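Engineer: What follows is the residue order along each chain.
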Amino acid sequence: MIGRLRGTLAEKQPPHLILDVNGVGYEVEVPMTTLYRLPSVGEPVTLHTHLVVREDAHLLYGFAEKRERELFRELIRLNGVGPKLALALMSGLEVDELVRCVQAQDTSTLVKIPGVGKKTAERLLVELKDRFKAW
Amino acid sequence: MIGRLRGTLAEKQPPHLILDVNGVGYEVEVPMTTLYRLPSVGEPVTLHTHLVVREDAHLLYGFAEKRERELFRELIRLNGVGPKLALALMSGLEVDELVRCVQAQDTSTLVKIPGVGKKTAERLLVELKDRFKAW
Amino acid sequence: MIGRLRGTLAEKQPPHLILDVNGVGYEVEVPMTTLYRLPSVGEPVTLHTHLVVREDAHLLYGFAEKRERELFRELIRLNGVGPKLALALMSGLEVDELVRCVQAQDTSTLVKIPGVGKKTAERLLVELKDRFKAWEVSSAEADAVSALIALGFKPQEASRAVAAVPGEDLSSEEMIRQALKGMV
Amino acid sequence: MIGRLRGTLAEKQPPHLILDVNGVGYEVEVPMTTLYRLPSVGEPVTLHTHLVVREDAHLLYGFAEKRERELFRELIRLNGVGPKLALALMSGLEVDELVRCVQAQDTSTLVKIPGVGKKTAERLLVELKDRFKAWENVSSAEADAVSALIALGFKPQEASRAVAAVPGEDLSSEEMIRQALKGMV
Amino acid sequence: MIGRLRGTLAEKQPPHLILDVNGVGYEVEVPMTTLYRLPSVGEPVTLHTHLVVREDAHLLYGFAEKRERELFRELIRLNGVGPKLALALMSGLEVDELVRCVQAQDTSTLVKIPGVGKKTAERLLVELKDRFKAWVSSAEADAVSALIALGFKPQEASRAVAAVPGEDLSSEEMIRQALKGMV
Amino acid sequence: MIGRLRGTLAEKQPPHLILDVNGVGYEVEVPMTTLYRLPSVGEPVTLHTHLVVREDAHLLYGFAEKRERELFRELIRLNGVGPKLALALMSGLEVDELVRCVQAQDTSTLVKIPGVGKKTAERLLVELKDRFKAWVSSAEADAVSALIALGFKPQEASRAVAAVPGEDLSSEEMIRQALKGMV
Amino acid sequence: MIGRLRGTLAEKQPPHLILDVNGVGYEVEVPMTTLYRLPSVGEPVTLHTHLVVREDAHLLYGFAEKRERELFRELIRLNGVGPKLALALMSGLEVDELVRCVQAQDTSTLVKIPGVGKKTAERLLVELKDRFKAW
DNA sequence: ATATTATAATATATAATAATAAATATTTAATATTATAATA
DNA sequence: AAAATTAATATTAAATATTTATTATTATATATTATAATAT
DNA sequence: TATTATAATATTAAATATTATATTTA
DNA sequence: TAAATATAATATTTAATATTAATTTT
Numbered sequence: 001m002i003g004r005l006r007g008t009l010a011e012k013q014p015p016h017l018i019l020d021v022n023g024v025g026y027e028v029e030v031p032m033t034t035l036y037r038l039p040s041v042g043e044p045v046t047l048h049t050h051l052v053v054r055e056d057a058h059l060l061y062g063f064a065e066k067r068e069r070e071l072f073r074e075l076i077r078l079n080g081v082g083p084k085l086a087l088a089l090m091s092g093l094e095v096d097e098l099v100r101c102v103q104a105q106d107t108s109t110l111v112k113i114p115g116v117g118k119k120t121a122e123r124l125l126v127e128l129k130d131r132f133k134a135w
Numbered sequence: 001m002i003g004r005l006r007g008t009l010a011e012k013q014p015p016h017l018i019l020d021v022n023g024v025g026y027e028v029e030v031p032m033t034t035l036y037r038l039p040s041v042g043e044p045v046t047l048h049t050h051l052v053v054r055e056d057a058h059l060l061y062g063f064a065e066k067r068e069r070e071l072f073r074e075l076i077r078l079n080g081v082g083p084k085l086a087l088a089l090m091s092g093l094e095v096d097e098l099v100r101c102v103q104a105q106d107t108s109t110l111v112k113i114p115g116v117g118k119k120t121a122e123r124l125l126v127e128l129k130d131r132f133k134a135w
Numbered sequence: 001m002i003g004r005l006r007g008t009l010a011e012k013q014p015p016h017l018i019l020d021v022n023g024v025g026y027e028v029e030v031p032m033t034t035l036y037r038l039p040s041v042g043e044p045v046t047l048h049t050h051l052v053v054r055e056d057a058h059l060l061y062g063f064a065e066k067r068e069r070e071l072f073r074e075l076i077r078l079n080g081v082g083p084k085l086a087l088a089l090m091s092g093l094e095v096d097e098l099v100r101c102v103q104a105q106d107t108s109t110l111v112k113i114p115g116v117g118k119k120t121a122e123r124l125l126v127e128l129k130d131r132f133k134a135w136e154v155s156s157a158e159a160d161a162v163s164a165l166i167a168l169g170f171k172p173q174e175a176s177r178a179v180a181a182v183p184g185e186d187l188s189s190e191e192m193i194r195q196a197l198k199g200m201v
Numbered sequence: 001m002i003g004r005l006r007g008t009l010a011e012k013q014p015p016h017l018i019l020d021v022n023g024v025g026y027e028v029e030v031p032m033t034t035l036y037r038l039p040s041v042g043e044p045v046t047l048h049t050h051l052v053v054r055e056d057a058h059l060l061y062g063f064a065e066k067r068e069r070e071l072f073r074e075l076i077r078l079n080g081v082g083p084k085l086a087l088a089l090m091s092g093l094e095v096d097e098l099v100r101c102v103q104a105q106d107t108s109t110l111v112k113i114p115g116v117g118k119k120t121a122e123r124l125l126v127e128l129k130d131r132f133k134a135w136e137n154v155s156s157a158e159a160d161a162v163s164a165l166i167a168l169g170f171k172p173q174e175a176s177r178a179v180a181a182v183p184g185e186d187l188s189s190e191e192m193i194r195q196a197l198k199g200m201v
Numbered sequence: 001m002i003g004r005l006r007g008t009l010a011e012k013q014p015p016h017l018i019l020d021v022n023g024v025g026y027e028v029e030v031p032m033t034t035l036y037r038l039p040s041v042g043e044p045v046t047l048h049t050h051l052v053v054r055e056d057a058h059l060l061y062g063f064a065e066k067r068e069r070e071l072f073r074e075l076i077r078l079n080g081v082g083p084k085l086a087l088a089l090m091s092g093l094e095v096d097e098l099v100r101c102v103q104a105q106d107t108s109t110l111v112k113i114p115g116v117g118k119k120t121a122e123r124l125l126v127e128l129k130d131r132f133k134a135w154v155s156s157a158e159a160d161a162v163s164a165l166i167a168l169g170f171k172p173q174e175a176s177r178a179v180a181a182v183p184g185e186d187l188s189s190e191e192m193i194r195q196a197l198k199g200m201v
Numbered sequence: 001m002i003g004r005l006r007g008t009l010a011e012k013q014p015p016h017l018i019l020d021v022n023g024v025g026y027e028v029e030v031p032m033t034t035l036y037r038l039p040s041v042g043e044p045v046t047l048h049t050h051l052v053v054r055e056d057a058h059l060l061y062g063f064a065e066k067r068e069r070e071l072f073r074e075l076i077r078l079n080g081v082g083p084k085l086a087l088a089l090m091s092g093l094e095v096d097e098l099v100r101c102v103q104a105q106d107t108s109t110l111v112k113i114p115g116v117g118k119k120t121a122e123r124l125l126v127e128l129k130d131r132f133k134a135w154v155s156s157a158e159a160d161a162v163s164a165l166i167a168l169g170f171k172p173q174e175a176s177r178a179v180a181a182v183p184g185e186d187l188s189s190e191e192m193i194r195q196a197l198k199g200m201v
Numbered sequence: 001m002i003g004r005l006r007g008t009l010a011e012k013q014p015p016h017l018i019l020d021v022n023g024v025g026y027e028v029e030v031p032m033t034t035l036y037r038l039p040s041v042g043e044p045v046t047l048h049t050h051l052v053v054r055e056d057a058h059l060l061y062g063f064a065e066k067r068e069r070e071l072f073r074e075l076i077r078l079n080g081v082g083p084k085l086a087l088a089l090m091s092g093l094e095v096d097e098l099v100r101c102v103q104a105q106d107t108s109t110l111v112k113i114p115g116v117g118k119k120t121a122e123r124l125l126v127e128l129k130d131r132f133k134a135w
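Protein chains in written order, with full-length UniProt numbering: chain A, 1 to 135; chain B, 1 to 135; chain C, 1 to 136, 154 to 201; chain D, 1 to 137, 154 to 201; chain E, 1 to 135, 154 to 201; chain F, 1 to 135, 154 to 201; chain G, 1 to 135.
Misleading hints may appear alongside valid ones.
[Stated by the list, open to error] Here are the simulated DSSO-like pairs of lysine-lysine, each with C-alpha atoms no more than 27 Å apart in a straight line: (1) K66(F) with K133(F); (2) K12(E) with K118(G); (3) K119(C) with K66(B); (4) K118(F) with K133(C); (5) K84(B) with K119(B); (6) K119(C) with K198(F); (7) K66(G) with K118(A); (8) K118(G) with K133(A); (9) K66(E) with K171(D); (10) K118(G) with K119(B); (11) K112(A) with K129(G); (12) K171(E) with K84(F); (13) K198(F) with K129(C); (14) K133(F) with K133(C); (15) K66(G) with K12(E); (16) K129(A) with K66(G); (17) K118(A) with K129(A); (18) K12(D) with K66(C); (19) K118(A) with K12(G).
Calculated directly from the structure, the hints in this document are not laboratory data.
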């Protein structure tokens, strides 16, 4: 329903974020790696946003790039894992090292990422064995 | 509920599109026939869209014409047809071709669409026979 | 969640509307009485709106006044009344006409509206009689109370004496006499 | 979905509001405490709205600053608290008042607010003292002692933790109850 | 629905019990305290029961006492209490002792129950505080009326009247025995 | 699914009961009049039970007569009527005067039932007049008023008046025999 | 809600059954293995049953053993496993063979069970390696 | 012969308790994960 | 013309248990009303 | 220096039947 | 060329009743 957002930075209150667009501010959830990429408060910055919908509320996810957003979608399409373990994973590592790690089939590097044990690490490996291309 | 959408094409990625309407770029997917009528990235393009509201998702489907959106509404009103079957019908063939073949009670022109079997074709024709006395 | 729009009428068709707000045109359905008051396509129009929120599909329904939207919210809060039933209702009759018909318990005026049967009139009257009363202990008794206070009665005893009998259509002097003759 | 609206107050009808942003008005409800500082109609205001998603309706709940925004979302996060409850709480009194009362644990300040009874008051006290408000935003002798305290005006909690703090072991009742009476001072 | 079972025990796999009532076994669990009162395999047993209906499951809970069922039901009516919590509580401590601790509102005796947080303890104690109640013949009616005229409440008089003296005794002696009590 | 049960009354606490139907006991909530016409605990009886199902609970409400069960059915069929309202109205009064007051369009008869507002009863009139297609004296109040003005407490005076009313005799003589009660 | 059913075989239409217990004959779904352990029609027999409850239907799945019921419970307690899937699982081959296969990570033998792909088989292997925990 | 006022009753403003009806709020069960206290 | 019947046909949506201001109704001193004799 | 039961917390949640149609193997 | 088998994709309310139009008889 929503794919991208282009507005000025209303404030910076991590890990939440408000983007004032046409005077309208949106609550978005942002990775720490993207927090290293954000400009100053009041800077017009483009965020590629994805929405999740549950029965009592919703959360947006403003992202600075596409392929991170589609990998978010592919991960959250799994029933065993939700969005916030994905947030921990993406705050742990970026796209390319995760791609080689799942292609190398290693749970150990996923273990050091906080909030993740071992069994969910081979969950990520098994489920994402044959989903995507190398880009 | 947006009945018509008029913004600038932020990016092009099949089969979706992102229309940056004054800063906000909606995740909008349109059929390929509209993609033949779609200008390049950055052009102000007007779409007669309609939102599909789900318990866990919301989908926008833009249309360059009002009547194709109306036919999309008629198709999704059918008990077994969702958004993507109607998407296949819109992408495969043209609206006047559909109404002529329904008046002709054709089936082969429908089955030849990929993803369409004899069952869905005979369905759409026989539950659509009653309509189109008004035009 | 939404109260009003300042937009541009991108397209009108019975019975919906398209209001191009900053490039975004919303599907807004309006009654025929509102449709008569609307200017042409491309004119900014004043619609005070309410969204009907259902799991599978929403409904944007706007009105030229706050009062129409508020009364529609009252009608949709009712038990067996749906939205387009009430849309037919104010398409048929206006706010003053409906309010006065409710206060007069009228049915014949409103049964000309299509979709309205006898049970429709029953439910609308039974709800709207007590949902709203005003739409946008007597002077002789007080004089009697003061006169009996001057006569030596306590205010409580004077109130009890004047409330003992329901004096009707009688002057202040004679109602005191009939109340005083009443219990004795 | 909504956090802030750089727009103008299109209408002011208590307790609701219409806040116009680029011609788009929204049905917004705010507490009376906000309504005291809200400027005139048409003036560009500062008000942090909050969306609540239901299967049947949606409403917007504005707030002047971040502190009462966070207070509201955390109060609604409780199992027993609805929107109008926190709206009445903020309309009655301010964030500093409620936090300084909760750390003082007096229900009397809470219960004078209309729609707020006793049970809601100990719910607020207990479930806020349950880790949110550090930062600004027996034997025969002991049973005999407890029964004597109940008969002498003591509510059971002060008769309980006094026994717990200084329990009596293998000695007569009169002296550990005596030092417990010195203990509660 | 289900209020009580009078059936025959089929197998014992604690805490899950199967009760073959006329050919059909019933999936019911009992607390370990009730494990200390179950009969052997094949022996009939009468269990006071009450069901729980979930969105995707139906769960059956059966106790030795009706009052235990009522206390369990009132625990389930609490907003933060699930069946696992109530089974942990009653597997820790028995019913009237927990009632008196609710009168005490003490967390020390309930924290020791495994898997139970202190915050859970005070919230359940506060929302379970005592709003509930604490746990005729010619001579009977004559005594009840006499003590009503003497100022005693009818419910207060009846429990002193019907307890100590027998059935159909002399009115004078049974009124005497009813008024033998002191507080 | 279920319409009738024929078992043995294992336990009867108001307003419910336990009917042990072939080894299985059901908690069935029945009205006050039904409880009045039920036999003792342990006596077999057949009951016109109505199936009640919620997404997270299920109940039964049994009757000694079928027409009670169908009338309960169309009462619950109304959106604005819950089970407690129907149970209260049928516990307070009998069904024949209910259908006659529906025909007579009477409200104050229904209002005196506890938990019944004027709007609730008047609505019940509104839908029941279309649902149903085929299917004390002046001296009594005078004595009460005279006793109230004399000095008697209003409710015990009415108790004395209604204990032995003057249905077949004059007001002065029924006052004379009503003053027997409090002596 | 029913863990054991001592009834009489009224009807034999595989893989469904009717156990007329005191005049009441429920639908009883059994695997083909239990069908080999099943006696003839009219023979009283005890089945150890399990309940599945969803919003539109209830079904009975009666087994010859406790351990069969418990294993079926723990397979349906998985996220991506349906009832007919596990039905085909114990219909294909025996329980202790399944335990040996998952302890030996034998995806090949589990593949030869009909209706089971390689992906589903290795899912079963990885989510059942440690769940048995050698009893 | 008028008040007056020194002793005598009195009646209710202010404490309390007991239904009650409009107005809401409406989810826990299972399981990883991570501390964490205690431990060969 | 004039009421009764029936087949489509669009429409509508299901809420209970609790809870707190909001009304009842029950004492309790205390600032009032009162009288009597009494000088002047 | 690992190692394990316990507890608080913080997530995540729950679809499955029915066709259309790829390779594949005769 | 004819299916087999996963494989993936795609899809997924109901009763129940009140109004109304055409018909039918008087």
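Engineer: Which hints from the list above does the structure break, by number from lowest to highest?
Structural biologist: 2, 3, 6, 7, 9, 10, 12, 13, 14, 16 and 19
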